[PDB]
Amino acid sequence: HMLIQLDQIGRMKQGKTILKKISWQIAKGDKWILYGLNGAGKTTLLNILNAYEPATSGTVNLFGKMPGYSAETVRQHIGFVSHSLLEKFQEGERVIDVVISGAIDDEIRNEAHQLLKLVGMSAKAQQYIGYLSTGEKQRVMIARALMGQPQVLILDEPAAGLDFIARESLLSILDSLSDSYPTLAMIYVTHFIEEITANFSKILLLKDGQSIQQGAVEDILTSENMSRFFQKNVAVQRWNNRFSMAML
Amino acid sequence: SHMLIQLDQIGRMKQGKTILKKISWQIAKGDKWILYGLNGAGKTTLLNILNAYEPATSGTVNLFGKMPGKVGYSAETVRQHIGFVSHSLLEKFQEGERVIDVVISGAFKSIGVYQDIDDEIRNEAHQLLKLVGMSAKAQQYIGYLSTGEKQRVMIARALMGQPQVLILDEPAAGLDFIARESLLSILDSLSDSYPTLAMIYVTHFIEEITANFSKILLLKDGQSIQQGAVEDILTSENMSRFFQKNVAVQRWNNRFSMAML
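As they're listed, the protein sequences go chains A and B. Sequence positions in the first sequence follow the deposited numbering and run 0 to 67, 71 to 105, 115 to 259. Sequence positions in the second sequence follow the deposited numbering and run -1 to 259.
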C-alpha cells in the first residue's frame, strides 16, 4: 500500500538548511495537498520525490527503491505536471501526439485517446497544441502524465494563471480521474486553499522547510491553525464543500 | 471636474472583428472599481482604451476632459492622470536599480527629464515607499526584492505626480496568500489616505475584492454584462447567469467567496 516514505529527511545546500525533519508517507489512493507560501521549500521537496535531488539526511524510500537504484526508474512511477514541462512542447505538435509521447502501436494510441476523453479533450485530439488555452494545455499535460501508467500524479501549481471556469474544469477532471483510478495517489501543490476539492482529503503544511501540521484537511484547515501557521489573524470557512480564507 | 473618464457606448474593432461592443462606463473621483472577467474577456483591450494606447472605433471617449481629437488632446496628456501597474511595466526595470530611484522615475511622466530632483521630490518618493510598506528597502537593488515587494514598489512609482486614477492590471498574479493580502491591505490604506483617488482593479478572482472596492463591471466576450454596486452584482444568481454555470457566492468576513456547484 505504501508508495513513498520519507523518514525525518533533511536537505542542505552550501551550509544552509533547506528542508528539515520531514516525515511523509504517501499510500495508494491518497490525495494530498502540499501547501505553503512561496519560498517554503515545496519545489525542493518535489525534487526529492522525483529523484532530481538527494536528501542530505534521513531515509528516502521511493516505490521500494532506496539510494545506496536509479532516478529514471523512480520517475517511471510518477506522472509530473509542472510549468517547466508545458514549455517543452511546440505550437505545431498535435494534441494526440503530445499525449502519446508520455509513453508506438494501436494500443498505445488507444490509451492516449481514452485519457484525452477522461480529461475532456477528445474534441481537440487532432488539433495543434498551439491553438489551445492554458487550461486546455494543462489538461493535455495531465493525460500525457498518466500515459506512463504512474502510481502517483504530482501537480505543481496546475491552476496557475487560470480563471475561475478553467480552474474548476481542471479540478473537476481530477475528481473524474480519481473515480476511474481509485488506487492512484495524487499530490496537489498550491498556495490557494480555494483550489482544494473534497477529493483531496490530506494536507501537509510547509513553512521554512518544515512540516508544521499534516493530517486531514477538515481537521487542519481552521482559522485557529492557519492563524498559527501564518502568525497572522485569518478566518477559514468550509462552505459548499470548498474552503475560503480571509485575512482579518 | 469630479468626472474622470466617460465612455459612451464605445466599440473596438480590429481587422473586421468586434473586440469590444457597446461599453458605457463612467469613472468619478473616489470610485473604486473592479473590472472582472474570464481570461480573454477583453479586459486588456479596454485598459488600452483608458490608457490611450488603442483608440475606440465607435462611441465617444472622454478622458480627463479631453476627447480625440479636439484641442488639448494627446495620449501623453491622458496618461499623466493615470498611475498604471502592469506586468509588462515591472520588468522594464533592471535588477541593479535602487528602489528609491525606481520610485523617483514615476515623476518624470508629469515633470519631464530636465527638472532637478530636489528634497521635495525625494520627500514624495520616500513618503510613497512608507505608504506601501517599503521604507526599510529604499536603498536596495530591486533585484533582491520578492514579486510582492516589486509590485509594492511599482504602486509607489505609479502614484508619483499624484495621478487621478490608479489602474492595477491583475496585480496579485503569482502572489501567495500572504503577499496577496499585503498588497490588498496596501490598497485599502491608500484608499483611506487618498479617498478622492479613483482606482480600477482588474482581476478574475472575486477573492481579491476588498470592502473598499464598491463598484464592479462584469465583462464577457467584449461586452459589459452588468455594472453597479458589488453587493448587488456579486450574488449566486447573477454570477450563475454570467457564467451559465451553477455557482454560489457569499460575503463572509468582508470578503467574497465563490464555489462551483
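If you are wondering where the hints come from, they were derived from the structure by calculation, not from laboratory data. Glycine included, every Cβ here is placed at the ideal spot set by N, Cα and C. Warning: the hint list may mix true and false statements.
Below, a list of computed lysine-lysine pairs in the BS3-like style, where the Cα atoms sit at most 25 Å apart [claimed, not checked]:
hint	chain 1	residue 1	chain 2	residue 2
1	A	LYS213	A	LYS19
2	A	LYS27	A	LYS15
3	A	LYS243	B	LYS20
4	A	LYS15	B	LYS27
5	B	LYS27	B	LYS68
6	B	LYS148	B	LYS19
7	A	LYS218	B	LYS135
8	B	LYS107	B	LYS64
9	B	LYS128	B	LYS148
10	A	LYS243	B	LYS218
11	B	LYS20	A	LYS135
12	B	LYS90	B	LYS20
13	A	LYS243	B	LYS135
14	B	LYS90	B	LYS19
15	B	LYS243	A	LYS148
16	B	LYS148	B	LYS12
17	B	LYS148	A	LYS218
18	B	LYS218	A	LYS148
19	A	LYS135	B	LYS243
20	A	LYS128	B	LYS243
Among the chain B residues that face chain A by a calculated CB cut under 10 Å, a handful are [what the hints assert, rightly or not]:
hint	residue
21	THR145
22	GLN221
23	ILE223
24	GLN224
Margin query: Given the hinted pair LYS243 (chain A) and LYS20 (chain B), is their Cα-Cα distance within 25 Å?
Written below: violated, 45 Å
Notebook entry, point to check: Between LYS128 (chain A) and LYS243 (chain B), does the CA-CA distance stay at or below 25 Å?
Noted result: holds, 21 Å
Check: Quick one, is the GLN221 (chain B) hint okay against chain A at 10 Å, beta carbons?
Finding: violated, 17 Å
Next item on the list: Quickly compare the C-alpha distance for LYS243 (chain A) and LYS218 (chain B) to 25 Å and report which way the hint goes.
Entry: violated, 36 Å
Note to self: Given the hinted pair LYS135 (chain A) and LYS243 (chain B), is their Cα-Cα distance within 25 Å?
What the structure shows: Holds - the C-alpha atoms of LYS243 (chain B) and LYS135 (chain A) are around 22 Å apart, at most 25 Å.
Margin query: What's the verdict on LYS148 (chain B) and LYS19 (chain B), does the C-alpha distance respect the 25 Å limit or exceed it?
Written below: violated, 35 Å
Checklist line | Hint consistency between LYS20 (chain B) and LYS135 (chain A) [alpha-carbon to alpha-carbon, up to 25 Å] | finding: It is violated: about 33 Å lies between the C-alpha atoms, which goes past 25 Å.
Margin query: Quick check on the hint: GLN224 (chain B) CB to chain A CB, less than 10 Å?
Written below: Nearest chain A Cβ about 16 Å off; hint violated.
Item checked: Hint consistency between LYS27 (chain A) and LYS15 (chain A) [alpha-carbon to alpha-carbon, up to 25 Å] -> violated, 34 Å
Note to self: Please verify whether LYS107 (chain B) and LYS64 (chain B) have alpha carbons no more than 25 Å apart.
What the structure shows: Given that 25 Å is the threshold and the Cα spacing comes to 18 Å, the pair holds.
Note to self: Check the hint pairing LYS243 (chain A) with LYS135 (chain B) against an upper bound of 25 Å on the C-alpha distance.
What the structure shows: holds, 22 Å
Check: Taking the closest Cβ pair, is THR145 (chain B) under 10 Å from chain A?
Finding: Where the cut-off is 10 Å and the nearest Cβ of chain A is about 8 Å from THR145 (chain B), the hint holds.
In the structure shown, a violation is registered for the earlier hints numbered 2, 3, 4, 6, 10, 11, 12, 14, 16, 22, 23 and 24, in ascending order.
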